[PDB]
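Taking the form solved without the partner chain, here's one chain by itself in structure tokens.
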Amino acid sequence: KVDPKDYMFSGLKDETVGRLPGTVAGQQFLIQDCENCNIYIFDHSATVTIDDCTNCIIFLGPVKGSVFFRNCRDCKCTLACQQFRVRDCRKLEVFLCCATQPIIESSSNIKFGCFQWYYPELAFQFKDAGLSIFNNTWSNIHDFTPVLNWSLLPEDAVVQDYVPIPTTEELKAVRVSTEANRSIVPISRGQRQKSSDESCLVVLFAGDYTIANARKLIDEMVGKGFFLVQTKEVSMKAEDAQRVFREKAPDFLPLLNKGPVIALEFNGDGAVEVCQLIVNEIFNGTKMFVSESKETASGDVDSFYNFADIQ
């Protein structure tokens, strides 16, 4: 029996509360008028609203639609969602995975870091919510009321300083890691400042092992000291392929119909040559686009996001 009473936390002060996997299953959640609380929703949701909360610590599992904060202050959060909205809030710190551009309004001191979190059930919770781990624009904030009102968290932030793992016997049954290498969402730098002006685009096409290949390639590049700037998972038409891949397009055209492509953007000096080498050594006989040169890589990237931001 599903009833709205079981899908809310309201009017609490100085408590830890939460939801175990399977316990929400895509339903809708409300957190309202809580002060000094720690709240852990270890499941996928349709939408979550957080109203009038103060000094709270919040984990939200994959949200299929929108997360809305209204009238909250001094909360620290880790969450994944399709859309993110902050209205009339102050001093929020968020480790975010968001499929669209995060939006703030009438708010100040809003700080953003990349989602960094793992537990065994998380990957299927993302699939059930229809959220790709590769669609994350956590740092590209739009402020509806400029007067600057947001910034990025420090890059070396230890998640456990902001959003501690739960202690309680109930919530312990969930096997959490907040280590960067365990994170279900790949750590991307987004709009963080760059020390290299060399980029490299990789596009992987739909297939048995495409996601695992993308993870392996990120691991290889990042272990060599290259930066993962951003990723994407989108359907690609012949037109889009022609603009991005240029003369290499015809080799890849037969692969587009099978399903969404995965784009990876890397950053660092020698990124293009290094990436091509890793792709040759480790994925012989798997078709993969890699930027041809440093000169052309930035246009690869811009052409990709151009079509990908539309669809």
Second form
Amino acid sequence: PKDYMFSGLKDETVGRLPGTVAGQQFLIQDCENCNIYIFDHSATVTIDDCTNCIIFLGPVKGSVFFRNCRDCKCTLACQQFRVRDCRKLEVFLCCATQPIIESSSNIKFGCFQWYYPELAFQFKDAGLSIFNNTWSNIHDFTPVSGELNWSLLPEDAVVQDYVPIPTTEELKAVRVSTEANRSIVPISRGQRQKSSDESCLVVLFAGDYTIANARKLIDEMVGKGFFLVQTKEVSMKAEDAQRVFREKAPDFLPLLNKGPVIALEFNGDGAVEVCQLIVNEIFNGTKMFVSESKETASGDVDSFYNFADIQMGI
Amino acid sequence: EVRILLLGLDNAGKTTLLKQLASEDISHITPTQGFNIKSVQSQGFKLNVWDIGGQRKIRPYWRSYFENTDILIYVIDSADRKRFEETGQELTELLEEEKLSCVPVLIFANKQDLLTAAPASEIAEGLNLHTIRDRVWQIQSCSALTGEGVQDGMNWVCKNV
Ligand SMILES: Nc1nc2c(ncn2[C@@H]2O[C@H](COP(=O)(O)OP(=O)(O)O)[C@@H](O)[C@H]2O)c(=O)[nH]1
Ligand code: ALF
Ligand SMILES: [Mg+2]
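What I would like now is the form solved in complex with the partner chain, since the data block earlier showed the form solved without the partner chain; can you produce it?
The next block holds the full complex; its first chain is the one shown before.
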């Protein structure tokens, strides 16, 4: 009846183990100097009047809403991210939609970076795709001319320095890794400045080994010095395949009704050729789209996001 | 033919409700920056629904939509008790507005699927809805996510067109 809230706690470290929330709403209010770790999926979370807290939130099916919070450091995944009347928040975010802030200042964003064995199924239970993550494209309802109320955390920022893993006996059962190559959510650059104007689109089609294929390709591309810009998971209709893949579409049509496709955008000089070479070796026998050249790649990416934004949009 | 204005605080579930009405995908909804419009068929009527962003910052824009409104639908997040005072103030101010005189109001007590969700009867008492005497009104419990209760509210709407 509401051991689904943390309220009025001070100088404490508290949490919820997998299975103990199970998609219920969770509430956090009037906590100061607290470490809060909810290692389960939830319906929605509101955080009210919290100060100097460290918060991990497992996958949230609906919105996460921070109100009247200051100096909080957070790692969370959600459908919507909302901020009002907050100052000096630092969040490692996975958001299915466009994060918003309002009447807030010094709000910093990084990509979600976290793993534990239960986490993948929690994402599934919350209905959240690990590939639909727009964490860096913030909308500010109250901007101030010639200044910015939000920014992106340093790329070299160390997660343990912001949201350390718990050390209490009560929370030890949850075996956490903050390593980038174990993260359930792949680390995407989103809106970060790029060096290179070379992009590459990869489209993988639904199936039992597709998630693993995507992670392997990311690892290999990152291992060669390339960057994952963004990913997408969206259903493709025949017309969408024809739009993006052009003459290469007939090869992919039988695969569209399998389920949603998974798109990867890579960035860096040589990205297209290298991606082709990796795919040519390690995915022979598995159909997937890869941009033909750097001259057509940006078009591929833009056409993909074009239809994807329309279908996912209101 | 019927102009419906969809209002309520930010995060109440207005757009989720908008998509539920349109019989469209409910699982992926972005916060609304400006407004959305959709036309829906119900009981022989064509309902033009204006779904407006509800952030405190953009509530002054609400008045730009009042003219020719046939029905007001006001959405409350029943599981956000922290903001019951805020939503009460906004509703009270809305019903004082000259351009919305006599306009029937359906209050949707949304997110009833959630644990801390206050029942409609509790919300009606706390917001003193019985004192609304200048118009017809109804409170309807719902979950925009599942769709349950939504049709029941819309039946009242079509009755009071
Ligand atoms: N559990 C639950 N969540 C809901 C319901 N209606 C809306 N939501 C969620 O609440 C959040 C805000 O909804 P949204 O439609 O964007 O609110 P709006 O600003 O009023 O348009 C979203 O994450 C929705 O998925 C409901 O009935 N139940
Ligand atoms: F996302 Al809103 F009112 F907060 F549409
Ligand atoms: Mg909306």
